[PDB]
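A.B. asks: Each chain, written out:
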Amino acid sequence: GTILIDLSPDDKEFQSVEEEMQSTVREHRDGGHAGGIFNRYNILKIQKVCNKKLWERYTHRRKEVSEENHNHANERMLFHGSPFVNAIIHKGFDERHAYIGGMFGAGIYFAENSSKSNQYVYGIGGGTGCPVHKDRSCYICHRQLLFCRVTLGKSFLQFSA
Amino acid sequence: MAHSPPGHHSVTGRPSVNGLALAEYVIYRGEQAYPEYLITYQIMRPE
Ligand SMILES: O=c1cc(-c2ccc([N+](=O)[O-])cc2)oc2ccccc12
Ligand SMILES: [Zn+2]
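In order, the protein sequences belong to chains A and C. Taking the deposited numbering, the leading residue of the first sequence gets 952, the next gets one more, and so forth. Taking the deposited numbering, the leading residue of the second sequence gets 1115, the next gets one more, and so forth.
Among the hints, a few may not be true.
Simulated coverage check for chain C against chain A, where a stretch passes if three residues somewhere in it have a Cβ under 8 Å from a Cβ of chain A [stated by the list, open to error]:
1. 1115 to 1122
2. 1125 to 1138
3. 1142 to 1156
In silico SDA-like cross-links for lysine to any residue, where the CA-CA straight-line distance does not exceed 20 Å [to be verified]:
4. A/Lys1042 - C/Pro1129
5. A/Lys996 - C/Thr1154
6. A/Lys1085 - C/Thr1154
7. A/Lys999 - A/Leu958
8. A/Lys1105 - C/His1122
9. A/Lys1105 - A/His1023
10. A/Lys1004 - C/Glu1145
11. A/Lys1105 - C/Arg1128
12. A/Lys996 - C/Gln1156
13. A/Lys996 - C/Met1158
14. A/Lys1042 - A/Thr1010
15. A/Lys1003 - A/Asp1045
16. A/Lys1003 - A/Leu958
17. A/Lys999 - A/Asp961
18. A/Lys996 - A/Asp1045
Keep in mind that the hints were calculated from the coordinates and are not lab data. Using N, Cα and C, we set each Cβ at its ideal position, and we do this for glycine too.
This is chain A alone, in the form it adopts within the complex:
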């Protein structure tokens, strides 16, 4: 039930997603090891993901959280990078997209920094880099990230290195 609609680079919606992508790049403490060495991206395509069933699943749960948190879903737009992006867009997030060894337990992780999610595109720690060249810092191969609508509700605050 998923269809992908291409956005024109002229569309203000394309532009505001691109801007969030570019403006949230930072330097990482691994010096580029996991995600590569870069200060910005070349954006090749942005597509809107439409799946009625997955959308209503999302909104049904959003309402539940909202009613548990003084009518405040605490919804954000956040980045997610994963080897499983194609399963995610067709079947939704589930158990199988969790980070079992993440510092905040086994759950599904999202970032405000696009460059942080970029570190997971080829796997945890960048895996072995791109399929074609085995290069975590590959400048040739096409990468994909998700920009996602996320319900946080009442969020537990963990201070941390």
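Following the hints, position chain C with the ligands against chain A.
C.D. replies: Same frame as chain A, but now just chain C with the ligands:
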């Protein structure tokens, strides 16, 4: 998949050393996210 801490719907990882890092978040139910945009890109070699 683990559970949220009792009485919470998610975890926020707040950076407490790297002054430039933004926050990271964790949810424990798939239904709390919708994958709205697919962005295809390349990283660019600095000059
Ligand atoms: O975008 C993210 C994807 C992932 C991630 C982690 C593990 C898997 N996995 O188990 O294959 C997938 C994506 O982890 C993050 C951690 C911190 C911030 C953002 C992310
Ligand atoms: Zn490559």
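A.B. asks: Please list, smallest to largest, the hint numbers that this structure does not respect.
C.D. replies: 4, 18
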